[PDB]
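Engineer: Please work from the sequences and hints to get the whole structure.
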Amino acid sequence: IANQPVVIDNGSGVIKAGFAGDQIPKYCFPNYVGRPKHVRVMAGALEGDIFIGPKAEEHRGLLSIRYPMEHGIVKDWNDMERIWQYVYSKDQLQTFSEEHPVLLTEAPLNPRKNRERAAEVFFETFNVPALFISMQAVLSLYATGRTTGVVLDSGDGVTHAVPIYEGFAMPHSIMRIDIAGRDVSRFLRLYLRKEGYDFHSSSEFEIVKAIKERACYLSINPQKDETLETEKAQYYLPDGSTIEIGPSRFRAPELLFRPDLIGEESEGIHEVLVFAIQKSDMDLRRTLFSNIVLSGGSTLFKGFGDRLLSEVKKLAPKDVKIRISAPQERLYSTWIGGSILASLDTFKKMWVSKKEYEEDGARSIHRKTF
Amino acid sequence: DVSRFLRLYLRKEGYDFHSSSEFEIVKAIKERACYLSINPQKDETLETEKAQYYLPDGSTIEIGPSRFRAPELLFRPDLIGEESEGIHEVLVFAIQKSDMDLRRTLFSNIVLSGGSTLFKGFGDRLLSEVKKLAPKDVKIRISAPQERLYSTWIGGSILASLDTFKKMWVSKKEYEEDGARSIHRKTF
Amino acid sequence: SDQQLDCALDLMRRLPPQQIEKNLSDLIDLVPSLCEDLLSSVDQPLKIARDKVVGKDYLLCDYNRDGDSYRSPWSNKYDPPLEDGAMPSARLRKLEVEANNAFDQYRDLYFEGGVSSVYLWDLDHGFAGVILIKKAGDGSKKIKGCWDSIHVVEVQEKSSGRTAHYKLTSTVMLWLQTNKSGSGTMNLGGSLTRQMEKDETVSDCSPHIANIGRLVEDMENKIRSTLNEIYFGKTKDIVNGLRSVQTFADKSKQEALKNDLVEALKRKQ
Amino acid sequence: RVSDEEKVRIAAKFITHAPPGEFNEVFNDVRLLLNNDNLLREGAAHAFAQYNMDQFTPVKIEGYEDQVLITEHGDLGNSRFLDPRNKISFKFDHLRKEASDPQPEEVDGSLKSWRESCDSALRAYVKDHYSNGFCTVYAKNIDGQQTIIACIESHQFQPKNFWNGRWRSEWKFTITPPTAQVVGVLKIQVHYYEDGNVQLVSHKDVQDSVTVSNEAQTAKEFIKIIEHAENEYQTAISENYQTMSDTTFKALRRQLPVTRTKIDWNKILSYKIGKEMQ
Ligand SMILES: Nc1ncnc2c1ncn2[C@@H]1O[C@H](COP(=O)(O)OP(=O)(O)O)[C@@H](O)[C@H]1O
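Protein chains in written order, with the authors' numbering: chain A, 7 to 376; chain B, 189 to 376; chain L, 2 to 270; chain K, 7 to 284.
Please keep in mind that the hints were generated in silico from the structure rather than gathered at the bench.
Positions of the beta carbon are idealized from the N, C-alpha and C atoms, including for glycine.
Misleading hints may appear alongside valid ones.
[As the list claims (entries may be wrong)] Which residues of chain K face chain A? A few of them, derived with a C-beta cut under 8 Å, are:
1. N167
2. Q261
3. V264
4. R266
5. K268
Structural biologist: Below, the structure is given as structure tokens:
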């Protein structure tokens, strides 16, 4: 079909979607499905039992919020089908999922079976005429307009560093570690339990997420700030209460630099970027060190890039040009790049056609997608 | 909290106990008239013998179904209306959130303590629940010593009676020097 | 014969890390007058000794090589029986026995077995030690590995106030093999070396040995990490870059569209 | 003091273990060291013959632009390996790395049909999966048995990037017509030394068989077994690299302890953890 393409960003925590051509996406809703906890008694109650979007945000006190995508992988395909249907519902697109081209992002280095099942869903359930899959880094450099660089984005389920050379991600140097903002939120919940303000509920877990997104900053000094006694910056709960956070508002975002705090064999974001550039050839290290874009939602901490610069100075070679760019449209760099790659005239040949998939299978997609 | 939920069920039975010095009688009932059903639902679909109970006052209370569903709360906190987990899920999550190289060793060594692990049929139901959650053909072993009420105290008697305890405590002088930070520093 | 020494070091640099000891002996057998000139910068595996009176193990290097004997830190005795060796400071002997203790804990936590040793010696305004760690692979298992670690540390203690300057130099001499059906035999040599220096404050809760423990821990984490990703991924990249699995003319299609998008990205500049 | 005859075994040991793309450097570090070019001339000359006959050395043929490989399975003494492609004999200086005398080899005729047949099919295969590959097929009536020794070699010598690597592959296409037990070896040696030193040495003892049905059928079928084993082997090697942080290294040194936390050095040094109590 010759209509406008639909760019969908499978965010691990915030699924971002909409038609191509639009600069800023006008349809953003979190990636979760909530079911009512309490028993309905009174007639004329809510109808549906499956809430997604702003309805779930308004009725948080009823839904048992569960996530369908953890660390990039999809653990519940039924819920992802329902969210994909909600994208085509009467609140986000108001069209069909069988008469428009579809662009689906994914985290890099994902297992083959995820792309396989996603193809099965988007071609059997949805009768998508044109489907193309891509990465969440290539699109971010496309949005920033640069040619070569290293994309360090951090979704709610992954923090991957990708060095891209002239619009293409080198598969020989992609770094990926299962750590992100959601784990920081869980770590933050653990400290709040270590402070008294325990929130042991999934419907109440998004309040901890709001605390993460509003009163958490990274500290430059890893020890002087640790030994401090802060002013205990208060925060208001969504009911009218107050929380004196104190010494845990900065220790919680420290998980992104040392995953030993949670006890997981991995490396910090700065170390991930260092290894992502050092895995590549010598011919580009000088350019990659001077071309770093901080995409991803989780990279919005107050002081993230500053401590990254300090850690890269401690790890990269002698006084090399370390330029890290902080785009203000960081939250939707991948979607903007999706609109760029979807509105191309050359894009008419990269999507795997419906007939090709139905008569060949996902192996044809793996032999054709990139 | 199990006693509290038992109080609610006693009210639903018809017997009311709401005085603060009567909540203790509810605790006494929990300590000598409750048990744990092996099958959680098959026993709920039957009418038990409804044994009596003698109050300190001298009255008589027939309990009925309010004796096995009362400590059922520990394995399902949905009855109290809470998104927490049961005891079995606390064990399985505590074991699975550890190094994969130690899971078999942890499943072969489970120790119970605390007074709430004294209900009848507690350990047996815990074994059934853990078998439903542990991976297949992994030896599960739950120990249950006779001093579950005194486990932490006896452990304290063994720990503090050692010569290394001199170096393990916090001196008063140290507390006056540094403060509370010295305690968090030497918290272990 | 100085150029001869430079080419000799480069020959050891390119020598296969499977027969380091034998080939080092051979290279010494060429010019034996340059023998103990090479046994200072040519990395080779360690030597396991045997403390008879204690029933422990202790590694061998030049720092414990007292004369031509070895100071067993589990007994502070020399083997061969040299009763004329250079005993360490009694102060440093106590610091050394607790050092050996702490690194046995370290070794047991990460290596789950293996042999370790920590020797010590002076400095005018401090002291200096070496940390030997040798973990051979599980002999019962088929993975024939041999982790080897040497950590040259030099504590340059400042004037007073208990603040120091910890200089550290490390070395890891890896060794690996798997007799897996998918790979046949996959041998894997390798060696690293780094340096790091920090000035952590000394205290009653933070002694020198604890600072050294944190440095050795961080250093080995960086080396093991760095190895695994950078170097080993580089080797995987080399094998993938040599021969590709995808059929060519298919790669011409993907590289064709790749160059098309190269033109597309460098088209809207 | 060491004699002179042992120096031959020494130089042979240093040449037979030289990594690919780094032979000249081993030669410089052995020429400026052994100090007698006559001793290493004879001994190392035999070692050069070994090191260049075994590793499927890429030799350039100036006449037909083919860059054939010198395989151990074909020779007539004074570096007179018989080039199967173009039927030309040639001399070759192991050191100069330049062939000589492209005399049109009057081959006796062993399996020349199979030679260029399986060679052709392997040329297609090399042009499919090998970037800088090279094929060479030796046809020989070895000890009363017709065999094809198809060889594959690819390499990358990039000294500016501090690495090398030489995919070597041999496939004894045993033309034992009722059951071609095609048993060969795919040895790989990869070196990398940027700010360190890493060496990958591997090989798979491939064992497979098929009846020699026809020529073109077994040519492309030989390619079928080859593409099978090679895709299998390269992929498997990559996944061995994938499962190495948690299995092989954990056999040597874990990334984090079994307690999944760092070391409280203050705790261990301050007091004994209770290890005295059991
Ligand atoms: N002000 C903020 N501070 C910290 N984190 C934030 C802030 N705003 C948004 N986030 C984080 O953005 C993340 C959303 O991930 P996102 O980047 O949208 O996934 P994707 O990139 O895959 O679409 C959440 O983890 C949330 O913690």
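Engineer: Determine for every hint whether it applies to the structure shown.
Structural biologist: Hints, verified against the model:
no. : hint : result
1   : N167 : holds (6 Å)
2   : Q261 : holds (4 Å)
3   : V264 : violated (11 Å)
4   : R266 : holds (3 Å)
5   : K268 : holds (6 Å)
Of the numbered hints given earlier, the model fails hint 3 alone.
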